[PDB]
Amino acid sequence: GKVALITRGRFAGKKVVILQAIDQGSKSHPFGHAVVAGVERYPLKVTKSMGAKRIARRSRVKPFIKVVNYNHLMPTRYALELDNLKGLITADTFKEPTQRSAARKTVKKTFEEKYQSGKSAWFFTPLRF
Amino acid sequence: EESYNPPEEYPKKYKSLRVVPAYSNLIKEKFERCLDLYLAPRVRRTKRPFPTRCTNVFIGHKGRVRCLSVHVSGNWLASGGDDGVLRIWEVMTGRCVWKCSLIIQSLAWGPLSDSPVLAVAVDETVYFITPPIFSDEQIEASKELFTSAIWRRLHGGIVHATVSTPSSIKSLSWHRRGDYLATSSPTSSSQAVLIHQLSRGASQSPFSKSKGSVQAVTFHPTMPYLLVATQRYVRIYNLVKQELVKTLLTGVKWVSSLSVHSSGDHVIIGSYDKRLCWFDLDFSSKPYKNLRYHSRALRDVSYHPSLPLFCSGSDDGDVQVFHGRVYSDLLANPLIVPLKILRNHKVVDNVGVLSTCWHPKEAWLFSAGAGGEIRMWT
Amino acid sequence: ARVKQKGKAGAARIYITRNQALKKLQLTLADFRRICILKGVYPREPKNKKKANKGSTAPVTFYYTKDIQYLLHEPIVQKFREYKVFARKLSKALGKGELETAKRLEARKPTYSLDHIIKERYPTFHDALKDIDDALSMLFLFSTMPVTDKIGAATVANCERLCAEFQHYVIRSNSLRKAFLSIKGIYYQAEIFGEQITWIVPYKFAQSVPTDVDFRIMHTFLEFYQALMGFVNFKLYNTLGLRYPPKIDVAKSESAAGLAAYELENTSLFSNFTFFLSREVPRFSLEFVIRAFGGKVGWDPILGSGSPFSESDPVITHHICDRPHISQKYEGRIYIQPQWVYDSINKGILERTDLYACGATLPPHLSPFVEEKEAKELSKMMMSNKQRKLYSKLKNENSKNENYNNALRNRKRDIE
Amino acid sequence: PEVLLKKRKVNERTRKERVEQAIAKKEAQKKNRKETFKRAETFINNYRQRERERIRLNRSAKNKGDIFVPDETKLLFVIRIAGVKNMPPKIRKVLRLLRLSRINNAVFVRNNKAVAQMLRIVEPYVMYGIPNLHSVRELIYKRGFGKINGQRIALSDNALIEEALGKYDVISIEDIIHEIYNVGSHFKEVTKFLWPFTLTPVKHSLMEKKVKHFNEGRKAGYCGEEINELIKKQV
RNA sequence: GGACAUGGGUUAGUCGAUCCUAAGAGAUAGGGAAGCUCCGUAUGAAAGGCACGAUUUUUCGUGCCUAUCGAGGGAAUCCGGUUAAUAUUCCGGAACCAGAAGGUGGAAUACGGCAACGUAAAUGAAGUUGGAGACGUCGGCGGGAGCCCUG
RNA sequence: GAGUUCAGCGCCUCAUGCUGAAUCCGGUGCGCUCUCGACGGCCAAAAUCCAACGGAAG
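Residue numbers (the deposited numbering), protein chains in the order written: chain Z, 8 to 136; chain m, 297 to 306, 314 to 350, 369 to 423, 451 to 495, 503 to 508, 516 to 740; chain n, 2 to 266, 349 to 453, 553 to 598; chain t, 15 to 249.
Everything labelled a hint here was simulated from the structure, so no lab data went into it. Check before you lean on any hint, since a few could be wrong.
To be verified - Covered stretches of chain m (in silico footprint by chain n; criterion: 3 or more residues with CB under 8 Å from a CB of chain n, positions within the stretch not fixed):
1. 338-347
2. 574-586
3. 648-656
Stated by the list, open to error - Covered stretches of chain n, going by a simulated chain m footprint (3 or more residues, C-beta under 8 Å):
4. 32-41
5. 79-87
Claimed, not checked - Derived, one-sided and incomplete: chain m residues facing chain Z with beta-carbon distance under 10 Å:
6. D403
7. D404
8. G405
9. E472
10. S529
11. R539
12. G540
13. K636
14. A659
15. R661
16. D677
17. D711
18. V713
Positions of the beta carbon are idealized from the N, C-alpha and C atoms, including for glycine.
Given only the sequences and the hints, what does the whole structure look like? Please build it.
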């Protein structure tokens, strides 16, 4: 549930939330790994003048679930927890891309609900650099 | 035909002219008409082997079946799963007589019928066990095959050779002669692929330098060549020369597995990107045809060794069956068309069809689901 | 030769944006639209956008460079500037107080004639007849609109004059074929010189302007069509031997006489019929439609003078009236509803009077213009460009409505 | 041979944004054009007019209780040309009694001794004459407005006319014009229902949009059938 | 005979120039000078275009950015053969570059690895930034090629 | 299939072709030339091209 940022790889400068920690070590990742789901495409600044389809398109966000090491991650004071974000992270979802795709779809749906509710605004807004 | 009282629809219907008002939108609709005449971009244009519905439903697996295989005779099917219990089902009867438990990533029977040894890989350890159901002579002949990877020599748990690998084995293959065992572990980087010789009782890595992850591995069914399906492409290596042969790019983000016909010329490969690519070594490195039938990730594809049919299993719960005739004539291209689309399979945790096996004699498909249910589409 | 630079030929050269076309012609937007309205000019979407926009991405309207270069030599463009000159000289006169050079200047205000626009836009008379339907819809629409500050009174007079002359022509030529009704109005339909002409007549009514239509555009279209109507009708009358324009009597016209003011100095469907128009019906549409098929037409004097008949003359074959009550009902003038006439027009057949008689249920109106699994799953996956979607779009909306209206017949029979 | 017309290249998003900004800028200007000065001359001019108007009333009423009574027309047409600031109390009430509460209003009046007298009282402010059937036709059919339940309602439906005027045998717009031109029994009720028209002077040519206080040269008094021509220009 | 007489001979998308600037020359804005002319080139120069918009009073509104000559710099082709005198030019054979449109197919409604990084594709306006081009000199060492030496 | 070197033939002939083959296995450098690369020190500009940030448009 702790908000984390990725400073390495393609998803550089992307905020993520630790759905399941693998810091205890794993055969796949012999390091302080952590399978987390973050936001790659932050929702655009939706304007009330825009249409309902226009608002949803701007508010659409692309999530991303990946496993990264603790060194590659960066802890943050802020933290967000979701009921649907607990228990849905497992090796089976990572192993099965269809399970991963459904996991990505569910995570985006939860994030879209969070963005629609106005929660996690700092996480929802992309960070500058 | 929208006017006073048309039976076409009931816009609005009006009884007479007096009730009919003046149209308010007429000036607006004519105003847009004007815009048309100078703002609308005027772009011009020109104006049958029947694998019938499954009738045998094999149950007993407490969890998802990780992999299922059929013995050389084809009358016995061995499947393994994360539950840790291996169940062997008789094709003719469906009985679970060999229910000894003894997470099995994969299970495969030896290519030789005279040596009925089934190799089941659990995590990083693979055990070659000779079941007591087979003949005693067959069990004795299997032990003589064996009796990098460390090799070591329970309700009929006759273990012959146990091999431990540096990484958890994901794909297991056996040679046509049965003296070579191929182990593929995507986790490992330097030693992802390991080749074990049963005759010498040892294992080694055929690749001097390994870069990139490997998702599947197989051997050519016609020549001493090994095909390894990596994440993005598939590389064929001539084990005789220990050199490359051909590299085929599937054009997908992540390859799932690969299947090859008995001829060893036309192959069907599944990918995690819900893609089914049919490629021929004599046509081009690029696939001869592409398919995206699965609504979810294409788990695996299987081609019948004898029947001119192929099957593809995916996590969407739908299995596609296609009939393909391949001719040796240069001008006769392979004619492959779909034959059936299996459905009515339960989906759990976004996982549907996991392992599909073709009968050694007829065009019967054995599909094991995530719920432990095996459907035998005869 | 040198390495040829990007965007020096092809789609990056012919296609030129609106802003460039402004500065190439040296015009403001409003004048550019005016010369685009008067001439035949319209945006053309390039096949490769970012190629045609010097690598840009933003949405921009495009025109053919060949098209813009034609507008460079248009002689009327000068008459736009001569009016820009004229406006400043008339402002000068009013500023100094010359209330007379203001009056003479306005008399000599610059003009432009669309004679060469019409010739270069429609070369052949058949070309005009094809692309004139909107003109008929346009002019007929305006003749029933209150004169505003945006649209001058004389322009309305031009609509009414040109509208009636066309109505006289069709009745004289008997070229009217169909006349459909709808809440839009009276969808007329005739044919001339083989070509088919269709338009819509608004209900003559005390309408309101929605205060969002930009009347500036609509004003130029009238300044275009009202030029077209004069020369199109001129050929028709010369072909028919009539002297164009037909003479108009002011005294008759100020009595709401309709076509009666102008003198033209199954075509016989209603040849042997006499009709009278009561004082509750759309006389303007009914006068035109009946006389197009030889119907002898008289009307209530309150609708306008010039009625050849009176109320008491029993020669009328059908006294049309949609009023629910007829106190002084006549004989020999069988009383029917106006929908009967248009139904007869569409079918070209004398319809049944009593079903359309007064107080009778109105009949509906008709618009006169109006192994398998395997064979359907192989071409869905084993082919490239996917024109298979044509069924999913073309057939879907036709199948659904066909299924829907076929169920209307069954459900309506159940009601009976 | 198929020229597909696509969607406009107009960006309706920005168009209404410009329109809203245009309206936003317009209302501010009206709220800014406030409390202008008034010279000492206009105070004189009002007084000279007020005594000029007041003396006219005394001569009109006293010693001149005679009206020439325009004949051969039961129905007249009266419109208000202009009014004077700080209106005389008599004219202020009389104009309201004729429903001409605001300038450029058009009202029909049945010709009689009484009506012509009140018109003679307010003669310097009104241009009145005899409309022809056609002129009355276009007035109702292009500028006719109803008073349904007391709001500003356009005569857009014949059902509304029947609903509010059924019991006086008025069903349609054509019934209205026939009644008004004939001045039948229900003439008073129809005229009560009719909302006054608004014949604001039209400004099309460049000379009109610039000359000051342009009202098409509308005089005050009797104009005969010229009111028909004025209506023809106006409608 | 390089003499005269009489004829023939130089073939290029890929080789060079034409394309650029350096030091400077240098027209113009200006200012001197009786005058030919002189000074001046950043100079108290109104010194160049971009986008937006149902069309804005059917008379253009709104918003943004601030010469020229002059030789080392520079995209892309080799082989074999061919003449009295010609070759990266000609011939025969084989490629490469730039630019141009539409057409087909592929994907499209980008990806995996803790990582450096990689793939057949894999939106990017205004505005902002960088790299290459584009770089001093000497000495030794490693790698290769060719000549020469040698079986 | 080119070229190079041998052996043979075609014959009044501008017949100038035709037939066979080989055109191979190596090694060496305080040599000489050039090239690239890892070090040690001693102390141009312009033309032109590429990429990034950026998030207007759908």
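Each hint, compared with the structure:
1. 338-347: n = 8 at 8 Å, threshold three: holds.
2. 574-586: With 0 residues closer than 8 Å to chain n, the region 574-586 of chain m misses the three-residue bar; violated.
3. 648-656: holds (count 4)
4. 32-41: Our answer is that it holds, as 3 residues pass the Cβ test (under 8 Å) against chain m, meeting three.
5. 79-87: violated (count 0)
6. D403: holds (9 Å)
7. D404: violated (14 Å)
8. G405: violated (16 Å)
9. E472: Given a least distance of 8 Å, the restraint on m/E472 holds.
10. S529: Holds: closest Cβ of chain Z sits about 7 Å from m/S529, inside 10 Å.
11. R539: violated (32 Å)
12. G540: violated (29 Å)
13. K636: OK, holds: m/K636 within 10 Å of chain Z, min 8 Å.
14. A659: Holds, about 4 Å.
15. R661: holds (8 Å)
16. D677: For m/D677, the interface hint holds, since the closest Cβ of chain Z sits about 4 Å away, which is under 10 Å.
17. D711: Since chain Z brings a Cβ to about 6 Å from m/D711, closer than 10 Å, the hint holds.
18. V713: Since the shortest Cβ distance to chain Z is 6 Å, the answer is holds.
When each numbered hint is compared with the structure, violations occur for hints 2, 5, 7, 8, 11 and 12.
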